[PDB]
Amino acid sequence: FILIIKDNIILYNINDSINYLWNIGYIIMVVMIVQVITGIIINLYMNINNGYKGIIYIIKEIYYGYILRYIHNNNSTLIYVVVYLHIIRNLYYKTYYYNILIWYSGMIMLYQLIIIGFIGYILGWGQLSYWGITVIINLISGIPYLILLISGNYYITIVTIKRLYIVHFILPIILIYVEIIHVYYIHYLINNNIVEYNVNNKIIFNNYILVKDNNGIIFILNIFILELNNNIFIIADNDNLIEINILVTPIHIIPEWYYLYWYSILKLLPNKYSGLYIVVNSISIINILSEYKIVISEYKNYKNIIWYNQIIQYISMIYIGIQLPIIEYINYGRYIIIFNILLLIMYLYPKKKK
Amino acid sequence: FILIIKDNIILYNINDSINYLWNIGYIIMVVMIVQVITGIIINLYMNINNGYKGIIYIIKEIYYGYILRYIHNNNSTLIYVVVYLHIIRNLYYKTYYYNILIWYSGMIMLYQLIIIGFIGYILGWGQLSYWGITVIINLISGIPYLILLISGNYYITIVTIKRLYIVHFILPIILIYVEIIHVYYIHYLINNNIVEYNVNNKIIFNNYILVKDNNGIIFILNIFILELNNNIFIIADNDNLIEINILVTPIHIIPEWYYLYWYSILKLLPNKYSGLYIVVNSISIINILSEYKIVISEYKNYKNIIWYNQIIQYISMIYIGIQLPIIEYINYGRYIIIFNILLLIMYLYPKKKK
Amino acid sequence: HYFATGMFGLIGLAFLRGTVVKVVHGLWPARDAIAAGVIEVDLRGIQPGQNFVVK
Amino acid sequence: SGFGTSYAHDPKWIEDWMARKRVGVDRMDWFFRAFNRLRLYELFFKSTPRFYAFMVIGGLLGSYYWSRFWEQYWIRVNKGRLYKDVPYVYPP
Amino acid sequence: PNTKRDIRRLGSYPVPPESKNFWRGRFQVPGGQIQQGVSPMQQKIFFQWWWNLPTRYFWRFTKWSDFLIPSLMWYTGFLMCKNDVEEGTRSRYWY
Amino acid sequence: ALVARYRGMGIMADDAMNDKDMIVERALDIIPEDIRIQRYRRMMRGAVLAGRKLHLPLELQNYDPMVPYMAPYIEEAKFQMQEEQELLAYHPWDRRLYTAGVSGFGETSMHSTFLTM
Amino acid sequence: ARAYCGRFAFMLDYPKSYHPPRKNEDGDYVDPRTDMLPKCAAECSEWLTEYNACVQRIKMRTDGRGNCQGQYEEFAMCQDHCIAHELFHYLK
Amino acid sequence: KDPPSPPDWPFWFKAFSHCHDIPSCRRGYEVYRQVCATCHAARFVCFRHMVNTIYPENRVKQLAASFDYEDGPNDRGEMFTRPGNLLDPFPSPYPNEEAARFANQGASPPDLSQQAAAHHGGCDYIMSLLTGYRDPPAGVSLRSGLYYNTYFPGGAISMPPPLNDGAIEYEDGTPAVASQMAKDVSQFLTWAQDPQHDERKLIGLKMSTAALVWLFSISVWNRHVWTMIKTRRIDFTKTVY
Ligand SMILES: CCCCCCCCCCCCCCCCCC(=O)OC[C@H](COP(=O)([O-])OCC(O)COP(=O)([O-])OC[C@@H](COC(=O)CCCCCCCCCCCCCCCCC)OC(=O)CCCCCCCCCCCCCCCCC)OC(=O)CCCCCCCCCCCCCCCCC
Ligand SMILES: CCCCCCCCCCCCCCCCCC(=O)OC[C@H](COP(=O)([O-])OCC(O)COP(=O)([O-])OC[C@@H](COC(=O)CCCCCCCCCCCCCCCCC)OC(=O)CCCCCCCCCCCCCCCCC)OC(=O)CCCCCCCCCCCCCCCCC
Ligand SMILES: CCCCCCCCCCCCCCCCCC(=O)OC[C@H](COP(=O)([O-])OCC(O)COP(=O)([O-])OC[C@@H](COC(=O)CCCCCCCCCCCCCCCCC)OC(=O)CCCCCCCCCCCCCCCCC)OC(=O)CCCCCCCCCCCCCCCCC
Ligand SMILES: COC1=C(OC)C(=O)C(C/C=C(\C)CC/C=C(\C)CC/C=C(\C)CC/C=C(\C)CC/C=C(\C)CC/C=C(\C)CC/C=C(\C)CCC=C(C)C)=C(C)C1=O
Ligand SMILES: COC1=C(OC)C(=O)C(C/C=C(\C)CC/C=C(\C)CC/C=C(\C)CC/C=C(\C)CC/C=C(\C)CC/C=C(\C)CC/C=C(\C)CCC=C(C)C)=C(C)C1=O
Ligand code: HEC
Ligand code: HEM
Ligand code: HEM
Ligand code: HEM
Ligand code: HEM
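Chains as they are written, first to last, in this note's numbering: chain L, 530 to 883; chain A, 530 to 883; chain D, 3 to 57; chain G, 76 to 167; chain W, 148 to 242; chain R, 570 to 686; chain P, 1033 to 1124; chain V, 17 to 257.
Excised from the complex, chain L in its bound form:
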């Protein structure tokens, strides 16, 4: 496979005009490898019968075990930041217009990542972990006997932890396989450029693009090392360091920051099932944004007003999730949801002719 490596790294041609926003994908691939490696190493010391006492044991007793603990937690935050920024990037340039297969391959990795991150959060085995999974699992209480089969008991226990751990161990490996389908489609279906059209200015990847990609990934590392060792940003809720009490709920029951958008959607809509369905809508609806267009154009490099409103809409929904369930927040959040629906309809609808 040295001739396959040479055809996809050494003699792989890319346009010269790409920005640093085209370096995000490379960063995702590298940090993903780190998360898998640190996970395997952490499991050499972790105790699944009591995740609470395992983390303490790693941080205090293992030599340099604090590095493994904090890298795995903090690098998961970095995985979602970089992936979400990659999604925003793709939305801005409308790379899905012609490279839809690339978009589909990516969305599968997004769906897998959501499951990976959530179960991992449960493995901490703190107050938020226990109560977060208890709340989410009740959403499927409509389907008979489905909760009992998944949990393995009538309440979440170590039985549930043992089975979720296997999914957390294995699913990330499948995600890496899907990354190869993603790269296959990128190399066959050539990448988009900052300009709409296709132009003859490509250069080889190893001598030029890889050097620029390393410069970007080293710049992100300078920031990640500061967060890793000094916690300049609060990215992990403190409530997960409280021992589980099944009779007393914590002050608030919220997931990590990267699930806040979906958390607020549920907290806002009155009917539980409607909340779940709106969550389904947001991820699935963006898969067919360009499917109804009829004109010869990719809607690229206009003022991108709808795009900007959508990005701010994600940010505001994330902000509402942090706040308590105040009635006034509920009203405004509902307006944002309605506003988001209108924005998506603007994307979908084709234009008539004057």
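Calculated from the structure, these hints are not laboratory results. Mixed in with the good hints there might be a few duds.
Dumping the calculated BS3-like pairs for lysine-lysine here, alpha-carbon to alpha-carbon at most 25 Å [said to hold, decoys possible]:
1. A:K731 <-> W:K229
2. A:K731 <-> R:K589
3. D:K24 <-> L:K691
4. L:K796 <-> L:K829
5. P:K1048 <-> P:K1124
6. G:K159 <-> V:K77
7. A:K832 <-> A:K881
8. W:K151 <-> A:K731
9. A:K829 <-> W:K167
Partial selection, computed: residues in chain W whose CB lies under 10 Å from chain R [what the hints assert, rightly or not]:
10. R152
11. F174
12. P177
13. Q190
14. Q195
15. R203
16. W206
17. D213
C-beta atoms are modelled at their ideal positions from N, C-alpha and C, and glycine is treated no differently.
Model the placement of chains A, D, G, W, R, P and V with the ligands on the given structure of chain L, informed by the hints.
Quick look at chains A, D, G, W, R, P and V with the ligands alone, frame taken from chain L:
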């Protein structure tokens, strides 16, 4: 990859004259998949903090958990029987003479399998498990501070079990990857035939060879199901159902049947290191059997006397391992070792001319 | 001929269904857990006005 | 004769065995002739979707009654030694 | 693959990507040959097993008889050791 | 025993040579057609007999299987190969690696190793 | 891993019928095994004579050294093998 | 020098299509409760395992309720005592191994949960060991508290001969003799090791028989397709139709 499947299964050509001994490889591939699948499922219920109590829990409390427990233990015995028979097959027809790359790829899988099976035996966490690993690990006590790093303590503990479990979980997956290099070399370097020469009688695999291979694998399944449900052959020592006592040794300290050959080699030679080196010799020496030949011939389809003596020599060494360390057995075992060396020299040496 | 090849598939599918169902069945709450999830209240010996707690 | 030597050759009775070719003889034709009257091929096997349905529905019914038959066999062999066969008498 | 002469193709039609291995096992037949066969649906499918049964087992056994002397010698070794072990144990322990 | 095995298959000793050996392959390139035709027919009959677990009729077994019909061509092939070894392969040559489907370590066929897939 | 090796029932010689244990003069049932001990000892007479010889040899020792455990174990194994063939016929 | 191998006792469950003899299992538990339980523990055997398999549910409740189990903490943080229930394991005579050794002259009575399969010979070892107590061999003198058993490794076991005729009265009326009690307790302990033994064999019977039918179908298929190959005729200078 549907055109790769079609080129290696549907339109793959093989000679018509092959025997059922050419079906062994297919059986290894299928039973290997089963062992990986049943292992993953067993880990949904297994307790690594006390492997002794986990097995009891699976056998008694899990629905159909006895099937998982016995299949995983018994199918490991079947994996070694089929693999060893495949090795004997390759030795008999001297398939290594021209298809050495196939032989090398196979030996790597043999080396990995040895490690996989041994650590898995330790995960049982019985008397033999604890004392078997304690004895084997002392062989490397010569290398300073190496035992402490491997065991993670001054004696084998759950700390050692946690790290060995990760190797047992991951190494089999790497073994499956090496199976693809093995099949790549088989399909490129065409397989050998029952006759020495290469003849024009090949037929497609899916319509003819796969039907015959299924007939063989279903015949082996009829035998495996009898052993699985009724234990017609004692293939697991009973001493591993005794709880570990670090102060009292069991009646005998022996591995599974498929490690008996190497166990006796150590028990026979007086110096501990010499025993380890002779173990290294047996597996490595068979990698260069044909390297010194100078004549245009593959030594194929003669009376194969040396081959038969070697196979019986393996069987007799396996028999001596079962017996206690009686002095008389030690003497005879040493003669067998000397005899085995002479047989290998017969294989290696080229002939002069009268 | 097609009966024979059909029978191979018939038996194979039956073995496949049994395997799948049995594996999924193992995820159901185990015999110890199902047993612990049922407590019987012997209302015998309680006195009017008494409150007792059962986990 | 010649068994066990380089002169080994097929004995006479093996040669006579291989001289019986049974050309133009079919002693099992009745079985296929009667089997064909079940019309399984016309009804089920010929069409792929119906071929699948035969395997699925046949496996469903076959598996159930196969289990049922051997459960009765087990009950007969172990008669008088099963828990259900020996109702327990409570001590006084 | 086979020799270069064997796999050298006469036709200029390109090798399909799904038949790469199939055409690496090509042979260059010298002098031609006539191949004939009949569909299994019009043949006896089990008689050949019975017709070939006695000769198959005769030739199998005569070949395996080559290992008679080696196996007897190993078996003779097995018996000596087993009874050398018994005598040793009794001499060292029994009174 | 070897003579009997050859006579049972109806093959000659020189038929038994495997063409995976390079000297055999180079010799087989230059054998005349009449020798080639009978060699192929004998080898095909042998494989059919061996595969079907049958033996050649004794009526056809009275021949000497050890006639060395390939000897002239094996010796020519060895001479050709020794000339090539000496005049063209007397040093470990440096070539650009993994280019044009070939590792650059000496083999001449494209896609003939695992690392050149 | 498991308690026993399975076999066909024809290989297992399970008692066809049950004979009740003999009763003592006092009225308490006598152990079937004790009744069978004298018979099985006779069937193992060869090993017993070897054990009996050892007892006499160690008796005629000025030193205190000497044991006959090895011969006794061979006799005991033989006697028990005899008992196993017939004991379950007297046990419910 | 390895311990004498037990004889092959003809237990009912040894055959392929045979179950555990429940009446013998019932008698085996009586022996264990009244004889073996004084010194040995069955940590991994729970009362619920016996419900609807050996005894009816009400009967098992009475057996469990006979014993007292330390349970807690209560609201004041104290440990209290309660009668047993179906969820409890079999009671342990001693609180820890050190206590067991002290009461048994330094010998630890092993847990009997898996002893039926933990020795070479399996169930046969239990039956033979219980009935393997003979007078010492001439020239072998045992320190007090050691007894001669032909099957225990080394010949000297710290277990007093546990079975004596008339030790217990069987509920079903079976005569109580040493050999009978050894047979029953061996049966019961075999069941305790693997209570799913009957389920395994009944399902195995269906699989094994079905696999034979599956072998016939693939064989017919294999014969059919290979007839195309094994009957071909390749001619060179000849032609026959
Ligand atoms: C890679 C390598 C390979 C890897 C492999 C993987 C390895 C993984 C590791 C291993 C993991 C561990 C586990 C390993 C386990 C291995 C062992 C194992 O699996 O064992 C399983 C299993 C072990 O046994 P078991 O599982 O305990 O047994 C279970 C029971 O047997 C049966 O089960 P059950 O009892 O639970 O269920 C029984 C039940 C199950 O029941 C069902 O499923 C039946 C119901 C299905 C209903 C379907 C309805 C579908 C249609 C719906 C409607 C559609 C409408 C659409 C409309 C559209 C409109 C637009 O069926 C019945 O009760 C039977 C009767 C059914 C009657 C149905 C009547 C239907 C009426 C419909 C009426 C509708 C009218 C409507 C009108 C109104 C409309 C408005 O194996 C077997 O049993 C082996 C069987 C093999 C086959 C045997 C048969 C052989 C036959 C031989 C024939 C040749 C001889 C011929 C002789 C001829 C003589 C002349
Ligand atoms: C008490 C304390 C004691 C301390 C003691 C400390 C001792 C330290 C020992 C250090 C190591 C010494 C090793 C000596 C070996 C001598 C063997 C010999 O006589 O060779 C003659 C022999 C010549 O044989 P010949 O029959 O006359 O002609 C050969 C051809 O048929 C026809 O030949 P031709 O000349 O006609 O063909 C032309 C071609 C012929 O080309 C070849 O023969 C090349 C063959 C293919 C090589 C690539 C194999 C594929 C990759 C394998 C590795 C896979 C995994 C790697 C990554 C894993 C990452 C997890 O020649 C050239 O291309 C000439 C230039 C070659 C150099 C090119 C430089 C760039 C490439 C870099 C790789 C090659 C570096 C040189 C070899 C290094 C040997 C260790 O040449 C070779 O053996 C060639 C090298 C092949 C082996 C490469 C092994 C690499 C290392 C693998 C790991 C080893 C671990 C095991 C323990 C290592 C320590 C011992
Ligand atoms: C008294 C004390 C004695 C101690 C004994 C031990 C002595 C120490 C040394 C032992 C090891 C020796 C290594 C020899 C290296 C030979 C290199 C070489 O010439 O290779 C080419 C050569 C081919 O020759 P060629 O055809 O002439 O070369 C011309 C072509 O250009 C050649 O090109 P080609 O393509 O035809 O062939 C290349 C061939 C070369 O490879 C091989 O054949 C295997 C070579 C390596 C062997 C394995 C080494 C393992 C040891 C290191 C690990 C130890 C860990 C320890 C940790 C401890 C922790 C507590 O295949 C490959 O390169 C396959 C590569 C597959 C890689 C797949 C990786 C996964 C996919 C990619 C990455 C993952 C996906 C991305 C994921 C991203 C995530 C986002 O290889 C062979 O023929 C030999 C293969 C090895 C045979 C067995 C060797 C036995 C050694 C004797 C001693 C054994 C003692 C008993 C051991 C028992 C163990 C249980
Ligand atoms: C209550 O507060 C809240 C939170 O905090 C608690 C939230 O996080 C959230 C948002 C949370 C989320 C959006 C995610 C929640 C995630 C959950 C509940 C994960 C639960 C666990 C699972 C789904 C594990 C089961 C795993 C899978 C089904 C695999 C998933 C991946 C899939 C299906 C993609 C493709 C399929 C695969 C990769 C499977 C591959 C299968 C194989 C290899 C099988 C092979 C088998 C053979 C025989 C060969 C909300 C809304 C909230 O309200
Ligand atoms: C005492 O009684 C006795 C026994 O019973 C106790 C015996 O069994 C035996 C015989 C026993 C044996 C022959 C086997 C004994 C096995 C033992 C001791 C296993 C100990 C555990 C290990 C070796 C685990 C460590 C694992 C490895 C080193 C991997 C093994 C496989 C190898 C090296 C093949 C190729 C390498 C790999 C597959 C590793 C792959 C590496 C990666 C993927 C790393 C990637 C990393 C990055 C950064 C990308 C004897 C002689 C005996 O006397
Ligand atoms: C009731 C009839 C039984 C049964 C079925 C068993 N015992 Fe005992 N036992 C005791 C002690 C101290 C030991 C330790 C071993 C020795 O003494 O050195 C044992 C051991 C066993 C075993 C295991 C034998 C071995 O291989 O270690 C078994 C299967 C066994 N026992 C069964 C002590 C006692 C008692 C105290 C007086 C009583 C009562 C019993 N045992 C009763 C039984
Ligand atoms: C994209 C890949 C993955 C991500 C997003 C991820 C995410 C996380 C999260 C957020 C945590 C809990 C953080 C905390 O404790 O608060 C966690 C824990 C854990 N993960 Fe992962 N994980 C991934 C891959 C893996 C892999 C491949 C393994 C093992 C091979 C693994 C093993 C573990 C283990 C053992 C824990 C428990 C340690 C803990 O308390 O942090 N993870 N995971
Ligand atoms: C595990 C997460 C993923 C990784 C490893 C990853 C990696 C990559 C890389 C390396 C590229 C090529 C270089 C680049 O454009 O930066 C890229 C391109 C692309 N990705 Fe992803 N990706 C991931 C997630 C996603 C997701 C979730 C989507 C869709 C919502 C997506 C859609 C795309 C698109 C459309 C392109 C084309 C870029 C272009 O045309 O310029 N990716 N990705
Ligand atoms: C060729 C592949 C493998 C073989 C040879 C093998 C061998 C075995 C052996 C012999 C046992 C112990 C048997 C006994 O308990 O006495 C064992 C246990 C175990 N294995 Fe594997 N194994 C393999 C693959 C795997 C895989 C892929 C996994 C997990 C994904 C796995 C997970 C386990 C677990 C959890 C146990 C403990 C359960 C036990 O007590 O049996 N194994 N292995
Ligand atoms: C995980 C273990 C392995 C599996 C999956 C496996 C599988 C296979 C299969 C499918 C074949 C092709 C069909 C066949 O000839 O039966 C084969 C061929 C072969 N294998 Fe393996 N193998 C294994 C272990 C080994 C080992 C340990 C060796 C060498 C000691 C070996 C040496 C060979 C050779 C020489 C051939 C060529 C057969 C021929 O030329 O006819 N294999 N193997």
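Identify every previously stated hint that the structure contradicts and give their numbers, smallest first.
1, 4, 9 and 13
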